[PDB]
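Undergrad: This is what each chain is made of:
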Amino acid sequence: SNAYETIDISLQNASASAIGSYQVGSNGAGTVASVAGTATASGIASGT
Amino acid sequence: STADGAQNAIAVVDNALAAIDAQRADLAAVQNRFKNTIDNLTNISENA
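Taken in sequence, the protein lines are chains N and O. Going from the first sequence to the deposited numbering is simple: count from 1 and add 150. Going from the second sequence to the deposited numbering is simple: count from 1 and add 392.
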């Protein structure tokens, strides 16, 4: 009974052929990787 | 219609009914004063 006292919902934007796996996964966005899916001398390096 | 109304109208009518009922209370005080005055006047007139 008060103004702006409401309950929101986050219904999906669409259940069309636009939903799926929001995911590249590796080596396929822009350019291929340098170590992943590639033969290297030193291998995977340190870091985060 | 869409965004403003659903809440702005309540925001209006709240103080709207507040002021209306305040005027009603003013009138109520006026008429209670009037009834006390007419009783007093009838008593004074009878004593006169």
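Hints listed in this document are in silico derivations from the structure and should not be mistaken for laboratory results. We put the CB at the ideal spot given by N, CA and C, even for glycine. Check each hint, because a few of them may be wrong.
Simulated restraints, written as ranges between beta carbons of each label pair [unchecked claim]: (1) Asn435(O) - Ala153(N): 45 to 55 Å; (2) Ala408(O) - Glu155(N): 44 to 54 Å; (3) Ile169(N) - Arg416(O): 26 to 36 Å; (4) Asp431(O) - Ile157(N): 21 to 31 Å; (5) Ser151(N) - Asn428(O): 53 to 63 Å; (6) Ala164(N) - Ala417(O): 54 to 64 Å; (7) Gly170(N) - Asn407(O): 19 to 29 Å.
Counterexamples of contact, computed for chain O against chain N with all Cβ distances above 10 Å [as the list claims (entries may be wrong)]: (8) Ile402; (9) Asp406; (10) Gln415; (11) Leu419; (12) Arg425; (13) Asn428; (14) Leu433.
Undergrad: Evaluate each hint against the coordinates.
TA: Hint by hint, here is what the structure shows:
1. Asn435(O) - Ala153(N): 45 to 55 Å: holds (51 Å)
2. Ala408(O) - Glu155(N): 44 to 54 Å: violated (19 Å)
3. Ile169(N) - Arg416(O): 26 to 36 Å: Check failed, 58 Å falls outside 26 to 36 Å.
4. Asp431(O) - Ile157(N): 21 to 31 Å: Given range 21 to 31 Å: violated, Cβ gap about 56 Å.
5. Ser151(N) - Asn428(O): 53 to 63 Å: violated (38 Å)
6. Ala164(N) - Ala417(O): 54 to 64 Å: holds (55 Å)
7. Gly170(N) - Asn407(O): 19 to 29 Å: Between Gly170(N) and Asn407(O), where Cβ atoms are some 51 Å apart, the hint is violated.
8. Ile402: Not fine: 4 Å to the nearest Cβ puts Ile402(O) too close to chain N.
9. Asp406: Non-interface label on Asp406(O) violated, nearest chain N Cβ at 8 Å vs cutoff 10 Å.
10. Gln415: At about 23 Å from chain N, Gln415(O) clears the 10 Å cut-off, so the statement holds.
11. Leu419: holds (27 Å)
12. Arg425: Consistent with the label, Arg425(O) stays out of reach of chain N, its closest Cβ about 35 Å off (over 10 Å).
13. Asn428: holds (38 Å)
14. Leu433: holds (46 Å)
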